[PDB]
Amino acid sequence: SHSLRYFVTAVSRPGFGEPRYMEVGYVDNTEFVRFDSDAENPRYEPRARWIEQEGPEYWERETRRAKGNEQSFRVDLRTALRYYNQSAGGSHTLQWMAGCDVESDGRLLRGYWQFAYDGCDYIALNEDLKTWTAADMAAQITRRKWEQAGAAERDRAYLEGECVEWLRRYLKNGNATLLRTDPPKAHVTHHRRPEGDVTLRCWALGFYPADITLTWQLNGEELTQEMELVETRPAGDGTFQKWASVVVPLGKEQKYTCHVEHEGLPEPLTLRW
(Lines of atoms letter the chains of each structure in order from A and count residues from 1; the text may use other names and numbers.)
(Lines give C-alpha, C1' and ligand atoms only; values in the text may rest on other atoms or scores of the structure.)
Protein backbone atom coordinates (compact mmCIF):
# COMPACT_ATOMS: atom_id res chain seq x y z
CA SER A 1 0.00 0.00 0.00
CA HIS A 2 0.89 3.66 -0.19
CA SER A 3 0.38 6.61 2.05
CA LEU A 4 0.01 10.36 1.97
CA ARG A 5 0.92 11.96 5.28
CA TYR A 6 1.43 15.40 6.73
CA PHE A 7 3.61 16.02 9.77
CA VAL A 8 3.11 19.25 11.60
CA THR A 9 5.00 20.85 14.48
CA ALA A 10 4.56 24.15 16.30
CA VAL A 11 7.22 25.17 18.89
CA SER A 12 6.45 28.18 21.12
CA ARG A 13 9.29 30.64 21.64
CA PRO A 14 8.31 32.85 24.60
CA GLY A 15 10.94 35.57 24.86
CA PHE A 16 11.73 35.48 21.16
CA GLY A 17 8.57 35.82 19.10
CA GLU A 18 5.81 33.80 17.42
CA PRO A 19 5.79 30.00 17.57
CA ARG A 20 7.97 28.27 14.95
CA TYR A 21 5.33 26.50 12.84
CA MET A 22 6.12 23.71 10.39
CA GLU A 23 4.48 21.34 7.93
CA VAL A 24 6.04 18.47 5.94
CA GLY A 25 4.33 16.24 3.38
CA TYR A 26 5.13 12.64 2.39
CA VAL A 27 3.84 10.04 0.00
CA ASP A 28 5.43 7.00 1.63
CA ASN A 29 8.93 8.04 2.75
CA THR A 30 9.58 10.77 0.25
CA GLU A 31 9.11 14.33 1.45
CA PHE A 32 7.53 16.28 -1.41
CA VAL A 33 6.29 19.55 0.13
CA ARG A 34 7.17 21.74 3.09
CA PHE A 35 6.16 24.88 4.95
CA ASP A 36 8.38 26.78 7.39
CA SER A 37 6.97 29.78 9.27
CA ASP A 38 10.50 31.13 9.85
CA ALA A 39 11.36 31.30 6.13
CA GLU A 40 11.76 34.83 4.71
CA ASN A 41 8.58 34.44 2.65
CA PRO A 42 6.48 31.65 4.22
CA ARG A 43 4.76 29.68 1.47
CA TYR A 44 4.36 25.98 0.67
CA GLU A 45 7.31 24.58 -1.31
CA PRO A 46 8.25 21.63 -3.56
CA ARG A 47 10.72 19.08 -2.16
CA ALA A 48 10.42 16.61 -5.01
CA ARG A 49 10.78 17.31 -8.72
CA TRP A 50 7.46 15.69 -9.59
CA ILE A 51 5.32 18.04 -7.52
CA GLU A 52 6.89 21.14 -9.07
CA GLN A 53 4.59 20.81 -12.09
CA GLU A 54 1.55 21.66 -9.95
CA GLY A 55 0.07 25.02 -10.92
CA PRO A 56 0.31 28.31 -8.93
CA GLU A 57 -3.25 27.84 -7.71
CA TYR A 58 -2.25 24.54 -6.09
CA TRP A 59 0.61 26.32 -4.37
CA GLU A 60 -1.36 29.40 -3.33
CA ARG A 61 -4.19 27.43 -1.75
CA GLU A 62 -1.81 25.11 0.11
CA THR A 63 0.03 28.17 1.41
CA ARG A 64 -3.32 29.57 2.51
CA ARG A 65 -4.29 26.33 4.27
CA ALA A 66 -0.92 26.19 6.06
CA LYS A 67 -1.32 29.70 7.44
CA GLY A 68 -4.79 28.98 8.79
CA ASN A 69 -3.29 25.95 10.47
CA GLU A 70 -0.45 28.04 11.92
CA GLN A 71 -2.96 30.38 13.54
CA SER A 72 -4.92 27.46 14.92
CA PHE A 73 -1.72 26.09 16.43
CA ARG A 74 -0.72 29.40 17.99
CA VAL A 75 -4.10 29.43 19.70
CA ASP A 76 -3.95 25.84 20.89
CA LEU A 77 -0.52 26.50 22.40
CA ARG A 78 -2.10 29.10 24.67
CA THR A 79 -5.05 26.89 25.60
CA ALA A 80 -2.63 24.13 26.62
CA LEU A 81 -0.79 26.37 29.08
CA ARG A 82 -4.23 26.86 30.62
CA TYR A 83 -5.25 23.19 30.57
CA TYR A 84 -1.99 22.14 32.19
CA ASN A 85 -1.77 25.23 34.35
CA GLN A 86 1.65 26.02 32.94
CA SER A 87 3.77 29.17 32.97
CA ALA A 88 3.88 31.39 29.89
CA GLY A 89 7.68 31.59 30.03
CA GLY A 90 8.56 28.06 28.91
CA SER A 91 8.75 26.67 25.37
CA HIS A 92 6.30 23.91 24.41
CA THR A 93 5.56 21.72 21.39
CA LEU A 94 2.40 20.57 19.67
CA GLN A 95 2.55 17.90 17.00
CA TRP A 96 -0.01 16.77 14.51
CA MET A 97 0.09 13.90 12.01
CA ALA A 98 -2.71 13.24 9.53
CA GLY A 99 -2.79 11.01 6.48
CA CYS A 100 -4.19 7.92 4.81
CA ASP A 101 -2.84 4.49 3.88
CA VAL A 102 -4.46 3.13 0.70
CA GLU A 103 -4.49 -0.13 -1.28
CA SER A 104 -4.14 -0.44 -5.07
CA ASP A 105 -7.89 -0.26 -5.76
CA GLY A 106 -7.83 3.10 -4.01
CA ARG A 107 -9.74 1.82 -0.98
CA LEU A 108 -8.82 3.63 2.27
CA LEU A 109 -6.87 1.17 4.40
CA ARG A 110 -6.12 3.37 7.40
CA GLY A 111 -6.73 7.01 8.27
CA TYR A 112 -4.77 9.10 10.81
CA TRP A 113 -5.47 12.40 12.60
CA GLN A 114 -3.55 12.67 15.85
CA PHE A 115 -1.86 15.09 18.22
CA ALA A 116 0.81 15.14 20.90
CA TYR A 117 1.71 17.85 23.42
CA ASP A 118 5.31 18.26 24.56
CA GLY A 119 6.01 14.83 23.04
CA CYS A 120 3.26 12.78 24.68
CA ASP A 121 0.03 11.63 23.09
CA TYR A 122 -2.74 14.15 23.54
CA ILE A 123 -5.73 13.09 21.42
CA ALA A 124 -6.14 10.79 18.37
CA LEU A 125 -8.92 9.91 15.96
CA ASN A 126 -9.67 6.19 16.22
CA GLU A 127 -9.38 3.69 13.37
CA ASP A 128 -13.18 3.98 12.95
CA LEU A 129 -12.79 7.67 12.06
CA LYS A 130 -15.77 8.22 14.34
CA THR A 131 -14.38 8.32 17.90
CA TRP A 132 -11.48 9.98 19.77
CA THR A 133 -8.95 8.70 22.30
CA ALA A 134 -7.79 11.27 24.88
CA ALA A 135 -4.46 10.53 26.56
CA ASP A 136 -5.35 12.52 29.68
CA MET A 137 -7.72 14.85 31.52
CA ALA A 138 -6.70 17.91 29.52
CA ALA A 139 -7.41 16.00 26.31
CA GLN A 140 -10.91 15.02 27.55
CA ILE A 141 -11.94 18.63 27.57
CA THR A 142 -10.86 18.70 23.96
CA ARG A 143 -12.53 15.38 23.20
CA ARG A 144 -15.86 16.52 24.64
CA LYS A 145 -15.68 19.77 22.68
CA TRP A 146 -14.91 18.00 19.41
CA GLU A 147 -17.53 15.39 20.18
CA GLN A 148 -20.07 18.22 20.47
CA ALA A 149 -18.96 20.15 17.39
CA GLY A 150 -19.01 16.98 15.29
CA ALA A 151 -15.32 17.31 14.40
CA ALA A 152 -14.70 13.63 13.54
CA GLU A 153 -17.26 13.83 10.75
CA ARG A 154 -15.52 16.69 8.97
CA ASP A 155 -12.02 15.26 9.53
CA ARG A 156 -13.16 11.88 8.18
CA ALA A 157 -14.29 13.62 4.98
CA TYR A 158 -10.67 14.63 4.35
CA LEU A 159 -9.07 11.25 5.05
CA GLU A 160 -11.63 9.48 2.86
CA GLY A 161 -12.02 12.29 0.38
CA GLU A 162 -9.10 14.50 -0.58
CA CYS A 163 -6.34 12.39 1.02
CA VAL A 164 -7.16 9.31 -1.04
CA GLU A 165 -7.89 11.10 -4.32
CA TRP A 166 -4.78 13.29 -4.25
CA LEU A 167 -2.69 10.27 -3.27
CA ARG A 168 -3.35 8.47 -6.57
CA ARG A 169 -2.68 11.66 -8.50
CA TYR A 170 0.74 12.05 -6.82
CA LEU A 171 1.68 8.38 -7.26
CA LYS A 172 0.86 8.94 -10.90
CA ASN A 173 2.71 12.19 -11.54
CA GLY A 174 5.69 10.80 -9.62
CA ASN A 175 5.65 7.13 -10.58
CA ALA A 176 9.17 7.35 -12.04
CA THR A 177 10.73 7.88 -8.60
CA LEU A 178 7.95 6.92 -6.18
CA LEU A 179 7.21 3.54 -7.76
CA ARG A 180 10.78 2.77 -8.81
CA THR A 181 12.50 -0.29 -7.33
CA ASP A 182 16.28 -0.50 -6.76
CA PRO A 183 17.67 -3.91 -5.75
CA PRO A 184 19.96 -3.93 -2.69
CA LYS A 185 23.71 -4.42 -3.18
CA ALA A 186 24.84 -6.66 -0.34
CA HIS A 187 28.01 -8.01 1.24
CA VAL A 188 29.27 -9.28 4.57
CA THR A 189 32.13 -8.05 6.79
CA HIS A 190 34.27 -9.90 9.34
CA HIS A 191 35.57 -8.82 12.77
CA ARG A 192 37.36 -10.90 15.39
CA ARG A 193 36.17 -9.75 18.81
CA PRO A 194 38.06 -9.68 22.12
CA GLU A 195 35.69 -12.18 23.75
CA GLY A 196 37.40 -14.58 21.36
CA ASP A 197 34.66 -14.82 18.77
CA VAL A 198 33.69 -13.19 15.47
CA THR A 199 31.00 -10.71 14.50
CA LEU A 200 29.66 -11.12 10.98
CA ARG A 201 27.79 -8.13 9.64
CA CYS A 202 25.56 -8.29 6.59
CA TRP A 203 25.12 -5.00 4.74
CA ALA A 204 22.34 -4.17 2.29
CA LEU A 205 22.93 -0.94 0.42
CA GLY A 206 21.34 1.54 -1.99
CA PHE A 207 17.95 -0.17 -2.19
CA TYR A 208 14.44 1.23 -2.61
CA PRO A 209 11.74 1.14 -1.40
CA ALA A 210 12.47 0.82 2.32
CA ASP A 211 10.89 -2.57 3.05
CA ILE A 212 13.56 -5.24 3.34
CA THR A 213 14.36 -8.46 5.17
CA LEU A 214 17.96 -8.96 6.31
CA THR A 215 18.44 -12.15 8.23
CA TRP A 216 21.11 -14.50 9.50
CA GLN A 217 20.58 -18.25 9.29
CA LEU A 218 22.38 -21.33 10.63
CA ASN A 219 21.36 -24.82 9.58
CA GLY A 220 18.43 -23.35 7.69
CA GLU A 221 17.06 -21.65 10.81
CA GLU A 222 16.51 -17.96 11.66
CA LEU A 223 18.78 -16.61 14.45
CA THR A 224 16.05 -14.26 15.66
CA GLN A 225 17.41 -13.78 19.20
CA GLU A 226 21.11 -13.54 18.32
CA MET A 227 20.86 -10.75 15.77
CA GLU A 228 21.81 -7.13 16.32
CA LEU A 229 20.31 -4.72 13.80
CA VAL A 230 19.92 -1.04 13.10
CA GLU A 231 16.68 0.38 11.73
CA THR A 232 16.67 1.14 8.01
CA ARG A 233 18.66 4.37 7.51
CA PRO A 234 18.07 6.96 4.76
CA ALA A 235 20.38 8.71 2.29
CA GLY A 236 20.26 12.03 0.45
CA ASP A 237 19.58 10.25 -2.84
CA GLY A 238 16.39 8.63 -1.61
CA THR A 239 17.82 5.10 -1.23
CA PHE A 240 18.14 3.14 2.03
CA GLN A 241 20.66 0.85 3.70
CA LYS A 242 20.95 -1.48 6.68
CA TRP A 243 22.87 -4.18 8.46
CA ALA A 244 22.26 -7.24 10.66
CA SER A 245 25.03 -8.94 12.56
CA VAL A 246 25.58 -12.01 14.67
CA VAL A 247 28.51 -13.25 16.74
CA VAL A 248 29.84 -16.68 15.76
CA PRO A 249 32.47 -19.15 17.11
CA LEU A 250 36.03 -19.21 15.76
CA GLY A 251 36.50 -21.16 12.54
CA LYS A 252 32.78 -21.70 12.03
CA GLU A 253 31.82 -18.76 9.80
CA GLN A 254 31.07 -20.93 6.75
CA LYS A 255 28.09 -22.33 8.63
CA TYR A 256 26.32 -18.98 8.60
CA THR A 257 24.48 -17.37 5.71
CA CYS A 258 22.90 -13.98 5.26
CA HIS A 259 19.43 -13.98 3.75
CA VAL A 260 18.03 -10.81 2.14
CA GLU A 261 14.60 -10.32 0.57
CA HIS A 262 13.49 -7.29 -1.41
CA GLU A 263 10.97 -6.11 -3.98
CA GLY A 264 13.89 -5.67 -6.38
CA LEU A 265 15.09 -9.23 -5.82
CA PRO A 266 13.35 -11.91 -7.95
CA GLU A 267 14.56 -14.42 -5.39
CA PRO A 268 16.12 -13.97 -1.94
CA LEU A 269 19.90 -13.59 -2.00
CA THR A 270 22.04 -15.72 0.24
CA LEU A 271 25.54 -14.52 1.03
CA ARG A 272 28.41 -15.87 3.11
CA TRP A 273 31.78 -14.62 4.31
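Under this definition, the rigid core comprises the largest set of C-alpha atoms superposing within 1.5 Å between the forms. Numbering follows the first chain given and starts at 1. What changes on going to the form deposited in another entry:
- Once the two forms are fitted on their rigid core, between the two forms the CA displacement reaches 2 Å or more only for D197 among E165, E147, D197, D118.
- Core-aligned CA deviation for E60 between the two forms: less than 2 Å.
- Core-aligned CA deviation for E222 between the two forms: 2 Å or greater.
- Superposed on the core, the two forms differ at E253: its CA moves 2 Å or more between the two forms.
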Second form
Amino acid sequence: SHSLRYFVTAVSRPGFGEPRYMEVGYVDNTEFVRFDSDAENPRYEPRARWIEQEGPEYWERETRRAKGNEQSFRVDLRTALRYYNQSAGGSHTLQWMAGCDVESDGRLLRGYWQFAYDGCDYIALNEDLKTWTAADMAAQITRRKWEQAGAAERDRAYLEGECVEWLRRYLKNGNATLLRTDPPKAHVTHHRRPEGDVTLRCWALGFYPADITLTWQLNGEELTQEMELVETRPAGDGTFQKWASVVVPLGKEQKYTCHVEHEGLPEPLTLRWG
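Given the form deposited in one PDB entry above, what does the protein look like in the form deposited in another entry?
There are no partners or other molecules in what follows, just the one chain.
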Protein backbone atom coordinates (compact mmCIF):
# COMPACT_ATOMS: atom_id res chain seq x y z
CA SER A 1 0.00 0.00 0.00
CA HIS A 2 1.19 3.58 -0.68
CA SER A 3 0.02 7.01 0.41
CA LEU A 4 0.01 10.67 -0.58
CA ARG A 5 -1.01 12.92 2.32
CA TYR A 6 -0.95 16.59 3.24
CA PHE A 7 -0.72 17.78 6.84
CA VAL A 8 -1.80 21.38 7.40
CA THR A 9 -1.54 23.62 10.48
CA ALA A 10 -2.85 27.12 11.26
CA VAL A 11 -1.92 28.74 14.57
CA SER A 12 -3.36 32.08 15.60
CA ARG A 13 -1.50 34.77 17.55
CA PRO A 14 -4.17 37.53 17.84
CA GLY A 15 -2.78 41.05 18.05
CA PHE A 16 0.69 39.80 17.14
CA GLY A 17 0.30 38.95 13.45
CA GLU A 18 -1.55 36.74 11.00
CA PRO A 19 -1.88 33.04 11.83
CA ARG A 20 1.20 30.90 11.17
CA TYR A 21 0.25 28.61 8.31
CA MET A 22 2.00 25.44 7.13
CA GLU A 23 1.39 22.62 4.62
CA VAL A 24 3.51 19.48 4.36
CA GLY A 25 3.06 16.81 1.73
CA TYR A 26 4.23 13.23 2.22
CA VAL A 27 4.45 10.15 0.03
CA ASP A 28 4.65 7.06 2.28
CA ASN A 29 5.85 9.07 5.28
CA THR A 30 8.57 10.82 3.23
CA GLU A 31 8.26 14.64 3.24
CA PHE A 32 8.58 16.01 -0.31
CA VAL A 33 6.94 19.44 -0.32
CA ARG A 34 6.35 22.16 2.26
CA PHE A 35 4.79 25.63 2.35
CA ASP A 36 5.57 27.97 5.26
CA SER A 37 3.70 31.29 5.54
CA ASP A 38 6.66 32.66 7.49
CA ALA A 39 8.65 34.33 4.69
CA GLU A 40 8.38 37.57 2.68
CA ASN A 41 7.20 35.79 -0.49
CA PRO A 42 6.24 32.26 0.62
CA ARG A 43 5.82 29.50 -1.92
CA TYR A 44 5.75 25.71 -1.96
CA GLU A 45 9.27 24.33 -1.83
CA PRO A 46 10.77 20.95 -2.81
CA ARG A 47 11.87 18.74 0.12
CA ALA A 48 12.94 15.57 -1.70
CA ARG A 49 15.25 15.46 -4.69
CA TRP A 50 12.70 13.53 -6.77
CA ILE A 51 10.17 16.38 -6.76
CA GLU A 52 12.62 18.92 -8.24
CA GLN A 53 11.83 17.71 -11.76
CA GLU A 54 8.35 19.24 -11.44
CA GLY A 55 8.13 22.29 -13.71
CA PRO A 56 7.50 25.95 -12.70
CA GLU A 57 3.76 25.73 -13.48
CA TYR A 58 3.42 23.02 -10.83
CA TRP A 59 5.09 25.15 -8.17
CA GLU A 60 3.13 28.32 -8.88
CA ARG A 61 -0.12 26.34 -8.97
CA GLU A 62 0.52 24.67 -5.58
CA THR A 63 1.65 27.98 -4.11
CA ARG A 64 -1.65 29.50 -5.23
CA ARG A 65 -3.55 26.54 -3.71
CA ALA A 66 -1.71 26.91 -0.40
CA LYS A 67 -2.42 30.65 -0.19
CA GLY A 68 -6.05 30.03 -1.03
CA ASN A 69 -6.12 27.41 1.71
CA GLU A 70 -4.43 29.83 4.13
CA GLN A 71 -7.29 32.29 3.64
CA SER A 72 -9.99 29.70 4.48
CA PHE A 73 -8.12 28.78 7.68
CA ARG A 74 -7.89 32.41 8.83
CA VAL A 75 -11.67 32.53 8.54
CA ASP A 76 -11.99 29.15 10.24
CA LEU A 77 -9.96 30.31 13.21
CA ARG A 78 -12.32 33.28 13.62
CA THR A 79 -15.43 31.13 13.23
CA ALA A 80 -14.14 28.64 15.83
CA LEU A 81 -13.85 31.43 18.41
CA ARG A 82 -17.56 32.16 18.03
CA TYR A 83 -18.61 28.51 17.92
CA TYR A 84 -16.80 28.02 21.23
CA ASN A 85 -17.47 31.44 22.73
CA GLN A 86 -13.73 32.02 23.24
CA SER A 87 -11.94 35.33 23.69
CA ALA A 88 -9.98 36.85 20.84
CA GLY A 89 -6.86 36.87 23.00
CA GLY A 90 -5.55 33.32 23.17
CA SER A 91 -3.66 31.32 20.56
CA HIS A 92 -5.56 28.47 18.92
CA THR A 93 -4.57 25.60 16.63
CA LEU A 94 -6.53 24.23 13.68
CA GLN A 95 -5.19 21.22 11.79
CA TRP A 96 -6.17 19.35 8.66
CA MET A 97 -4.97 16.15 7.00
CA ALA A 98 -6.19 14.90 3.64
CA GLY A 99 -4.85 12.22 1.37
CA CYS A 100 -5.14 8.75 -0.07
CA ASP A 101 -3.91 5.23 0.71
CA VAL A 102 -3.85 3.19 -2.51
CA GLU A 103 -3.47 -0.58 -2.80
CA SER A 104 -0.78 -2.11 -5.04
CA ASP A 105 -3.56 -2.58 -7.61
CA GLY A 106 -4.39 1.11 -7.86
CA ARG A 107 -7.60 0.82 -5.85
CA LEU A 108 -8.28 3.44 -3.15
CA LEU A 109 -7.84 1.65 0.17
CA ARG A 110 -8.72 4.65 2.30
CA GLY A 111 -9.30 8.37 1.94
CA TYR A 112 -8.77 11.09 4.53
CA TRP A 113 -10.25 14.58 4.95
CA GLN A 114 -10.29 15.42 8.65
CA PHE A 115 -9.79 18.34 11.06
CA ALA A 116 -8.80 19.07 14.66
CA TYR A 117 -9.13 22.12 16.88
CA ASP A 118 -6.85 22.74 19.84
CA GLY A 119 -5.45 19.22 19.93
CA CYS A 120 -8.48 17.01 19.36
CA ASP A 121 -10.74 15.70 16.63
CA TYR A 122 -13.16 18.32 15.34
CA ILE A 123 -14.64 16.64 12.24
CA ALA A 124 -13.80 13.82 9.82
CA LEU A 125 -15.05 12.60 6.45
CA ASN A 126 -16.21 9.02 6.99
CA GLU A 127 -14.91 6.08 4.96
CA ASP A 128 -18.04 6.16 2.80
CA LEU A 129 -16.58 9.47 1.62
CA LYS A 130 -20.09 10.92 1.80
CA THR A 131 -20.94 11.63 5.44
CA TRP A 132 -19.10 13.25 8.34
CA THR A 133 -18.55 12.47 12.00
CA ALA A 134 -18.47 15.56 14.23
CA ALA A 135 -16.77 15.64 17.64
CA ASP A 136 -19.29 17.96 19.37
CA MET A 137 -22.30 20.21 18.72
CA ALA A 138 -20.05 23.00 17.44
CA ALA A 139 -18.66 20.63 14.77
CA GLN A 140 -22.26 19.51 14.16
CA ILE A 141 -22.90 23.05 12.94
CA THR A 142 -20.10 22.52 10.42
CA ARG A 143 -21.45 19.11 9.49
CA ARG A 144 -24.94 20.34 8.75
CA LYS A 145 -23.43 23.15 6.70
CA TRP A 146 -21.22 20.78 4.68
CA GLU A 147 -23.85 18.10 4.14
CA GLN A 148 -26.36 20.71 2.93
CA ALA A 149 -23.76 22.10 0.54
CA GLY A 150 -22.64 18.63 -0.50
CA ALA A 151 -18.99 19.49 0.12
CA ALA A 152 -18.15 15.79 0.47
CA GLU A 153 -18.57 15.15 -3.26
CA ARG A 154 -15.84 17.64 -4.11
CA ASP A 155 -13.52 16.13 -1.48
CA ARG A 156 -14.20 12.57 -2.64
CA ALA A 157 -13.44 13.54 -6.26
CA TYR A 158 -9.97 14.62 -5.19
CA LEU A 159 -9.35 11.59 -3.00
CA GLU A 160 -10.32 9.04 -5.69
CA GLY A 161 -8.97 10.93 -8.68
CA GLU A 162 -6.23 13.55 -8.47
CA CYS A 163 -4.78 12.20 -5.21
CA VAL A 164 -4.53 8.69 -6.68
CA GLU A 165 -3.21 9.89 -10.04
CA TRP A 166 -0.45 11.98 -8.54
CA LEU A 167 0.57 9.36 -5.98
CA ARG A 168 1.25 7.03 -8.93
CA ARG A 169 3.18 9.85 -10.64
CA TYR A 170 5.22 10.55 -7.50
CA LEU A 171 6.07 6.86 -7.00
CA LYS A 172 7.65 6.95 -10.48
CA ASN A 173 9.44 10.28 -9.88
CA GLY A 174 11.07 8.85 -6.77
CA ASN A 175 11.34 5.18 -7.68
CA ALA A 176 15.03 5.27 -6.75
CA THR A 177 14.64 6.33 -3.10
CA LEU A 178 11.00 5.95 -1.98
CA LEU A 179 11.40 2.18 -1.76
CA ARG A 180 14.88 2.14 -0.20
CA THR A 181 15.69 -0.35 2.53
CA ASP A 182 18.72 0.29 4.75
CA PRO A 183 19.35 -2.82 6.91
CA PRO A 184 19.99 -2.31 10.64
CA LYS A 185 23.57 -2.32 11.98
CA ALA A 186 22.89 -4.35 15.11
CA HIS A 187 25.04 -5.12 18.17
CA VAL A 188 24.53 -6.19 21.80
CA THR A 189 25.68 -4.34 24.90
CA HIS A 190 26.19 -5.86 28.33
CA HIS A 191 25.49 -3.85 31.47
CA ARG A 192 25.91 -5.21 35.00
CA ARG A 193 23.45 -3.58 37.42
CA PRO A 194 23.47 -3.05 41.24
CA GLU A 195 20.69 -5.65 41.53
CA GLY A 196 23.32 -8.31 40.86
CA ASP A 197 22.05 -9.46 37.45
CA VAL A 198 22.69 -8.10 33.96
CA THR A 199 20.88 -5.95 31.40
CA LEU A 200 21.34 -7.25 27.84
CA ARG A 201 20.48 -4.49 25.36
CA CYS A 202 19.98 -5.24 21.66
CA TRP A 203 20.69 -2.25 19.41
CA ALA A 204 19.60 -1.53 15.84
CA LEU A 205 21.10 1.51 14.14
CA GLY A 206 20.93 3.28 10.79
CA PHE A 207 18.02 1.40 9.24
CA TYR A 208 15.18 2.54 6.96
CA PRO A 209 12.09 2.36 6.86
CA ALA A 210 11.34 2.79 10.57
CA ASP A 211 9.33 -0.44 10.76
CA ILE A 212 11.27 -3.16 12.60
CA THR A 213 10.79 -6.07 15.02
CA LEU A 214 13.33 -6.62 17.82
CA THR A 215 12.80 -9.65 20.04
CA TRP A 216 14.70 -11.63 22.65
CA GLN A 217 14.57 -15.40 23.10
CA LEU A 218 15.62 -17.81 25.87
CA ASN A 219 17.31 -20.95 24.56
CA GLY A 220 15.38 -20.28 21.36
CA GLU A 221 11.95 -19.55 22.82
CA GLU A 222 9.02 -17.18 23.37
CA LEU A 223 10.95 -14.73 25.59
CA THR A 224 8.01 -12.32 25.45
CA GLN A 225 8.25 -12.33 29.26
CA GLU A 226 8.30 -8.55 29.63
CA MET A 227 11.22 -7.02 27.74
CA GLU A 228 12.19 -3.34 27.79
CA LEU A 229 12.27 -1.21 24.62
CA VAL A 230 12.15 2.33 23.31
CA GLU A 231 10.17 4.09 20.61
CA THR A 232 11.85 3.95 17.22
CA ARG A 233 13.79 7.21 16.90
CA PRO A 234 15.18 9.34 14.01
CA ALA A 235 18.61 10.67 13.09
CA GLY A 236 19.58 13.80 11.20
CA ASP A 237 20.30 11.71 8.09
CA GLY A 238 16.85 10.13 8.03
CA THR A 239 17.74 6.65 9.32
CA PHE A 240 16.22 5.21 12.48
CA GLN A 241 17.34 3.61 15.72
CA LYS A 242 15.85 1.32 18.38
CA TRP A 243 16.76 -1.05 21.21
CA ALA A 244 15.25 -3.80 23.33
CA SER A 245 16.64 -5.27 26.54
CA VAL A 246 15.99 -7.95 29.14
CA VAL A 247 17.50 -8.74 32.55
CA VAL A 248 19.50 -11.96 32.87
CA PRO A 249 21.35 -13.81 35.68
CA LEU A 250 25.08 -13.05 35.62
CA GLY A 251 26.75 -16.07 34.05
CA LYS A 252 24.12 -17.29 31.60
CA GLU A 253 24.26 -14.57 28.96
CA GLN A 254 24.96 -16.90 26.03
CA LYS A 255 21.51 -18.38 26.71
CA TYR A 256 19.77 -15.30 25.31
CA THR A 257 19.60 -14.38 21.62
CA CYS A 258 18.28 -11.25 19.92
CA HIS A 259 16.36 -11.53 16.67
CA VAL A 260 16.17 -8.58 14.30
CA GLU A 261 13.51 -8.43 11.59
CA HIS A 262 13.55 -5.73 8.90
CA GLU A 263 12.49 -5.12 5.31
CA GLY A 264 16.09 -4.54 4.30
CA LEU A 265 17.17 -7.91 5.65
CA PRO A 266 16.88 -10.85 3.25
CA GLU A 267 17.36 -13.00 6.33
CA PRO A 268 16.62 -12.14 10.01
CA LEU A 269 19.56 -11.57 12.34
CA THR A 270 20.47 -13.48 15.50
CA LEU A 271 22.91 -11.93 17.96
CA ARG A 272 24.42 -13.09 21.26
CA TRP A 273 26.51 -11.29 23.86
CA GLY A 274 29.38 -13.20 22.24
